[PDB]
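This document opens with one chain alone, in structure tokens, the form solved without its partner chain.
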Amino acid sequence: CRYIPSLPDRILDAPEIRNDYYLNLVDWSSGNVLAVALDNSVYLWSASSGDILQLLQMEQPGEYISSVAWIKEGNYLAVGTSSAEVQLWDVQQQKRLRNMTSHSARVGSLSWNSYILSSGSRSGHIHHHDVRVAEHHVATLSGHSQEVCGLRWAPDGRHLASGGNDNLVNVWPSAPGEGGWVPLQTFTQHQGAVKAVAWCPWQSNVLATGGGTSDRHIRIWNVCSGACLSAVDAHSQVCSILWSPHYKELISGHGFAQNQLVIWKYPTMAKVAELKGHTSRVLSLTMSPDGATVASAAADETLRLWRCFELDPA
């Protein structure tokens, strides 16, 4: 019922972006900098100044970047690699502070909870890293039998959600429950990979997840009771989901055939808009600090920036 532009505001070139569904290659910092992994390099783009930086480039051949994630205050960036490293970079002084090497396979997903960085791997394991201490690897969470492609701490820090190529969603506790590290909830209802994982910013217990091409559903959960609150058929893979508190909506990214973004009203899941423009499948979504703009990265080697959640479009 409001004006939503049908075209992106800006389009950034993303040459050589790796078209691998399971990877998480873009993140928009709280300081308004986009980190974008392009093959074996990471670029930073300031959305304020337009300045670009090539933060790093991997030396070894055939190696590639598999994930990026900014720490909450946006001055450090975690970078997971095909060679199973979780690197942390001080971007201001453009140097690598640590090269953490606990995983046995590529690190495709990352999520911070204050000074804890959690990393998910193609082996199906999740490691917690206390980045402040000598022995960084402080927990192993083992609840997936295939790649962990979705990993997300809740904004309140009380739960961690993980989604896997084994068609599984796990909700983990913030501390082990003296049965060891065991999920509080495990959902099997998706019949395809779950890369899309996102917590409701205004309801602590509400989680949204999305299934890949074999599944094509967005599901909303109450992680306390385990109940599915809602399930909707998106008619396409769902690669990412974000929530927006501006009008209480979610936005999802999709592939074949329309490669579109859909904005859904919460909780009715009424369609508010479809944003078309990409010419190959969307891979990731990330939100600006003011929440007005979503960046979508796609296999067409673009990032499109959509000002779709402006308060006061005028």
Contents of the next structure:
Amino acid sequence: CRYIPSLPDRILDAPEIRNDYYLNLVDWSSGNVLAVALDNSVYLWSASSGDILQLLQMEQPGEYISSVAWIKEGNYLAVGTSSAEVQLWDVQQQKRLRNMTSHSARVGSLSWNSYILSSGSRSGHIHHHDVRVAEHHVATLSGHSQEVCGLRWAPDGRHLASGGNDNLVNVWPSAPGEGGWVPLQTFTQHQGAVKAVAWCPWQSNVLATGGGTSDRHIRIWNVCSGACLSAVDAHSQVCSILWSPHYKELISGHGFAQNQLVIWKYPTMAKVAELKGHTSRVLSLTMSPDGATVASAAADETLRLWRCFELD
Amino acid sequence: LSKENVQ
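Write the structure block of the form solved in complex with its partner chain for the protein whose form solved without its partner chain appears above.
After this comes the whole thing, all chains and molecules, with the earlier chain placed first.
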């Protein structure tokens, strides 16, 4: 309806990005810094200056980065590894403050909630880490029988959503109950892995989820009532969803056939734009701090930066 | 499973 460029503003190169659906290899900091996991290194790229930094490189043969996530203030970076560590990195100092172990298998997903960092694993378990204290491992949430590939705290901290290659979506309370750590909800309707998980920024209890190749749907939920408010065939595995306040839209990333981004109007779920370019499947979307730009990372070893939510 | 990494 308005002008949404059909091409990316910038195309960063992402050589040796690992073409593995379950990983979460890109994140955009409040400080305008893109973190990007390419095989066994993480690169930082300022969208302000254009400066590039190789933050770290794994030490051991065969080890690679399996997830990254910035802390809110953008000065520390969490990094999950194929060797089941959650490392914590001070980005200015360029030092590694912690190397937290607890998981039995690779750590593919990460989400922050203040000083609690939540980590998910190929084992199916989710761990809460109090990164301030010595015994970092303060909770275990066990609601998945296979890889936790989607993990996101609600903006208001009241809920944590997790998505799995067991095709489950769980919504966790922020604090255990009498039963201990048990989901408030468990949605079984997806028929494929659910890596795409995102909270509506302007509707507290509303969650969007997206399914893998055998599912292909985007689903919207009320996590209070348990209702599916909407299911849309996206015709392609859905790797990531973001919400945009700017125009009240969602954007999702896809693979085969067209490897496109699709922008949808909420709550009508009408298709606004398709953003073509990527020549292989999209792996991840992440959003800039001003909300104007989405970064897509794909298996064609590029990051495209789309100015698709510009204001006035 | 590598279900979502299969061709």
